[PDB]
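Just the one chain here, laid out as structure tokens, in the form deposited without the ligand.
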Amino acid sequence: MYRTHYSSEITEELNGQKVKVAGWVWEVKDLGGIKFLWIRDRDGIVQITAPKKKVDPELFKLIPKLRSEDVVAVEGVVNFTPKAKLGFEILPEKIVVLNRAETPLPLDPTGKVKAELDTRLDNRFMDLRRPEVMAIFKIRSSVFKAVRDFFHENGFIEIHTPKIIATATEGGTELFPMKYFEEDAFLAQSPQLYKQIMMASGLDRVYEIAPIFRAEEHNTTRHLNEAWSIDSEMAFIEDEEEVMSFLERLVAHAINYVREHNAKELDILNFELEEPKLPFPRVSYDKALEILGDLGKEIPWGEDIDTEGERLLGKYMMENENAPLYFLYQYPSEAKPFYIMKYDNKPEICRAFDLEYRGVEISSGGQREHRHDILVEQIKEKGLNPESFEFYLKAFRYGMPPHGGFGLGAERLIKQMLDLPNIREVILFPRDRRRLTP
């Protein structure tokens, strides 16, 4: 390897020792009797100091020849000094140019000249050279780890279901059709039917973090045609509140991990991520409609709360409860999927829920209808054909325990967490109505 330490891995114990650093040329300052070279890596900048009387002559004349973004490797002696802005400097013994950069650059990695979002997406390798963009993708990785860790500690087993499907769905819209040899198939929009089927296997506690595809005809700042969904299904539950409690603890775990592990990144983003306050407020659909009505937003009982509604509610909850995260539950049965269990004592409402982060839905789920005959009738009530879901219904006939689960959007989770304006800021290569490349 061309390096032995990253900028952040060099501490006081290494004073006076030889190390090897590598990265991109950030800045060169030829000041006559002394020269400076700044190298940038994933964690920061390293100062290479070259006093004329202390370095090799060929090295002294090589420095001013280095250009911005050239990939170089340096071996030298670590020297802790108050004179160095970051605490220490490297007195170079050997400098090697690994690869030279062309000019002009597609984007300004120094941040002076701002670039448009599409320019940044077309040149993602340049975009991440900026600390604030690198900060986002480091946090994204941390979020995925924290989530999986929580699942493991709670007895969940990771599963993997098919992305190429030829089965029926409740909506029948925004599906990406595709040919599978002689047959016609589609890309999966959710592992819903598969994770439910596995509740009849004994696995009991399952989770899957994989991509889902939806051919949305119009772009928004909240979704994309390709997303990473964090799915879970759990058996032997008594009600949907057990699922909500798990979800909030999961989300809280991810948020705290970022606060503990990525303080540097948060600081770079000039953002203060709040400490989760459990349990999050629960707001019934009825109560939500009442609050919105008083704010001028009138939604007829029975239909969905729209984009504007979520926004008004998220703001209301922040002003009245100082709650960036809260649940909406007890939705009308007519507004939710056929697989959600209705409240037996009040059939007009069901055991479904949605988790809102800063006014935007990041997750939805609920307790499912595990009783075969009732489930079949609910499919009929949706105006659908039960025979079309036979492969799925079959799993409910040979001993199916009570169960529930959720679907948590990874992009939406990170976007809302960092309070970013566009979902394209949290995924490397977005897919939308007009973007198929890179």
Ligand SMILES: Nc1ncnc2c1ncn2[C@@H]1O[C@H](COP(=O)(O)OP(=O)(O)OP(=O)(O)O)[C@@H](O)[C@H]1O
The other form holds:
Number of protein chains: 2
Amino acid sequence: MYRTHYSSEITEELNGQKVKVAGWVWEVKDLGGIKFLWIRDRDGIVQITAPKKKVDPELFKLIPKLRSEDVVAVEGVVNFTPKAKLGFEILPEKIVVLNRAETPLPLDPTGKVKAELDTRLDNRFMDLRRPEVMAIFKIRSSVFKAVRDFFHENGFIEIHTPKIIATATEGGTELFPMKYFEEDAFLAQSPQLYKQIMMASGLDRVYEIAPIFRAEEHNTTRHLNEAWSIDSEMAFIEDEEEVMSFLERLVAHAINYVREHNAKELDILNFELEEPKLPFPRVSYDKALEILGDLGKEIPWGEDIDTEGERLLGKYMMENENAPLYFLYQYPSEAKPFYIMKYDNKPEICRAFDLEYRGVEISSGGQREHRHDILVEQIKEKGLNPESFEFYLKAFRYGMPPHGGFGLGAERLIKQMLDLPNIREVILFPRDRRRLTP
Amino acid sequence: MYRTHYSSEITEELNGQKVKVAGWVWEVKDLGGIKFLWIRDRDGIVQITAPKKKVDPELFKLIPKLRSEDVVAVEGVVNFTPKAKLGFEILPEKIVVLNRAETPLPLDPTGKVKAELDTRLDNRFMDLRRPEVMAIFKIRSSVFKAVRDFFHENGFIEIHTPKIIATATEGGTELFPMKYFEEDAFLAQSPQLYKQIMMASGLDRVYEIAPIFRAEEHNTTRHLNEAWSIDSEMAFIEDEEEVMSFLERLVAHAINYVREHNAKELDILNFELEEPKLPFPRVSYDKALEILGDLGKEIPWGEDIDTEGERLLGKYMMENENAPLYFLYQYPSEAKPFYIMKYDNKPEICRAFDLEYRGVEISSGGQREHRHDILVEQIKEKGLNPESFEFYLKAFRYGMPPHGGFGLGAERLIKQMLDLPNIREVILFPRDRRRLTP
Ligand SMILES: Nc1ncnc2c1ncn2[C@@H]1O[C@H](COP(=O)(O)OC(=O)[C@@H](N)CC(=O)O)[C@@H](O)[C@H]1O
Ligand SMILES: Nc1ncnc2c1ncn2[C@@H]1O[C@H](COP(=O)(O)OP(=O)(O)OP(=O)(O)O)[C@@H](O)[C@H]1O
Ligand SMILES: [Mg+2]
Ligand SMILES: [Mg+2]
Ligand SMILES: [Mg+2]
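Given the form deposited without the ligand, state the structure of the form solved in complex with the ligand.
Now the complete complex, all chains and molecules, led by this one.
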């Protein structure tokens, strides 16, 4: 390997030892009798210091020839010194140019000249050379790990369900159709039917983290046509609050991992990520509509709360409860899918919920209707043909436990966690109405 | 929740304490003075013992009404006794019937009546109720976790890249075209182009575990049209051996994790999983052809090693070097993709390798050609159009370090690890030339 240590891995114990560092030329300063070369790697910059009397002359004359973003590797001696910005410098013995950069760069890695989002996405490899962008994707990786670790510690088994499918769906919208040899198929929008089917398997506690595909017809700052969904389903529950409790602890775990493990990245983003305060507040749909009504926002009882309503409620919950995260629940049954269980005692409302983070939905879930005949009737109530869901209904006939679950958008989670304005900031290569490349 | 403990979670410590167990009805003995009920959960069977003298008369009467595969929950007292074949029994206080099963069942969960693979695939929720099937999918989840943990321990950051793309990632054959609104697009055969682009970002060490899609024309025991690929790319390498070293370590780690954490599943499968022996043998393509020729299997230099050749080599390596896992490397450049670096001093061969597990390819990879102009010429040598790869080529112009990586098939790995005859055994809902549903 051309390096032994990243910038962040050199500590005082290495003082006076030889190391190899490598990265991209950040800055060269030829100051006469001394020259400086700064190299950027994933973790930051490292100072290479070349005093004329202390380095090989060919090294001395090479440094000024180095150009911005050239890829280089340096072998030299670690010298901890107060004179060094970051505590230590490397006195070079060997400098190798691995690969030379072309010279109008697509983006300015110093951030001085700022670029449009479009230009940045078109040139993502350059965009990540900026610490604030790298910080987001380090945090994305952290969130994924924290989520999986939490599932594992709680006895969940990872599953993988198909993305090329030919099943019916409730909405029949936003589908990406595709030919599958002789047959017609579509890309999956959610593993919903599959994870429910597996509740009849004994697996009991499953999760899947995998792409979902929805052909949204218009762009928003909150939607992508390709996204990563964190899906779970869990059996033998008594009510939807057990799913909500799990979900909030999961999200709090992800938040706390980022706070503990990515403080450097948070600092780079000039961002203070709040300590989660559990039980998040629960706000019934009835109460949410009342709050919205008093704000002059109309939503007729029975209809889903729209994007404006979420925004207003998010603001209200922050102002009144200092709560960045809260649940909407006890929705009208008519506003939620046929697979959600109704309150047997008050069937006009159902056991579904949405988790809101800074005024944007990050997850929806609920307890499902596991009783076959009631489920069938609910499909009918939606004006749909139960026969079209046969392959799924079949799993409810041979011993199906009560169950519930959620779908948690990874991009939504990260965008909202970091209070970023656009979801395109938290996925490397966005797909939207007009973006298909890179 | 309806349960507090799985069957596997009840130990001596809990003797005399109250627990809740739940699962599917496995057997009932309806006797005059006593009922015995056995329930099955994800981990095994639990005995419920109900002497008439000891239990609620309503509970005594209920047990004989239960039927195979009914879902039930039982609260009761743990009682360790030599008289229970599993070491303990539950003395029940309350039994709740959660859901009743229909007859006949789609498959026989007792294992007595054998079913064909197609029938089993059509009814996976039933199929997993058998311990030998559950065992595979528990092992699948363990393998994913082990792989991720190893990547993390070794400083790799998880990435996520598009599965809807404008340019085929692995070439013209075995490709799913798909319309993306007005545009022509395809499903990703691999994340190859993206993981390379990210080598110009500073991320340096990335992995992605995600679906890949290949429209295979033929139906075989070792191909699917949808699969999970474990991809990695790593920068600042000096040669492809560094990548092979990392891969064998990764695979060894996965195998040892299954050995350590899934012994019970290996037992159920009546399977001895061998302790990995690093380093695996490295066999050059030239030497492989010598070995085969010595065996009377003649492959003209430059041609692919066919499945027969793989089988013969696997057996030889198992016999000669006691190695279930070995690498083939230094392949003919003509037989490998444009993105592989040729040996500069011997251009007919290239820095590509395959990892073979019990005579079947489970991974391929290599050092990439990171030098822009040479890369372009290689795209041309393959008869392709460099302009179709502009977003990818752009990344090689502004400081690109040397790099290399691999794609490791999750299904291939698990199938070969457990010496299973058919790749459909290791993914819940396989997609092949003839299978699109469920
Ligand atoms: N049809 C299939 N069914 C089941 N599994 C499959 C199928 N096709 C591939 N795989 C698996 O993914 C690995 C890499 O794919 P390759 O085409 O060899 O290389 C590539 O795709 C490169 N980009 C990898 C690299 O150079 O990094 C295989 O070894 C295998 O287990
Ligand atoms: N087009 C998308 N882009 C990114 N994430 C999405 C998208 N569609 C759904 N998700 C997300 O997956 C989750 C569960 O899926 P769900 O069907 O409930 O979404 P949704 O109700 O349609 O979301 P929304 O109202 O914002 O369009 C969401 O709560 C969210 O985080
Ligand atoms: Mg939507
Ligand atoms: Mg919504
Ligand atoms: Mg929703």
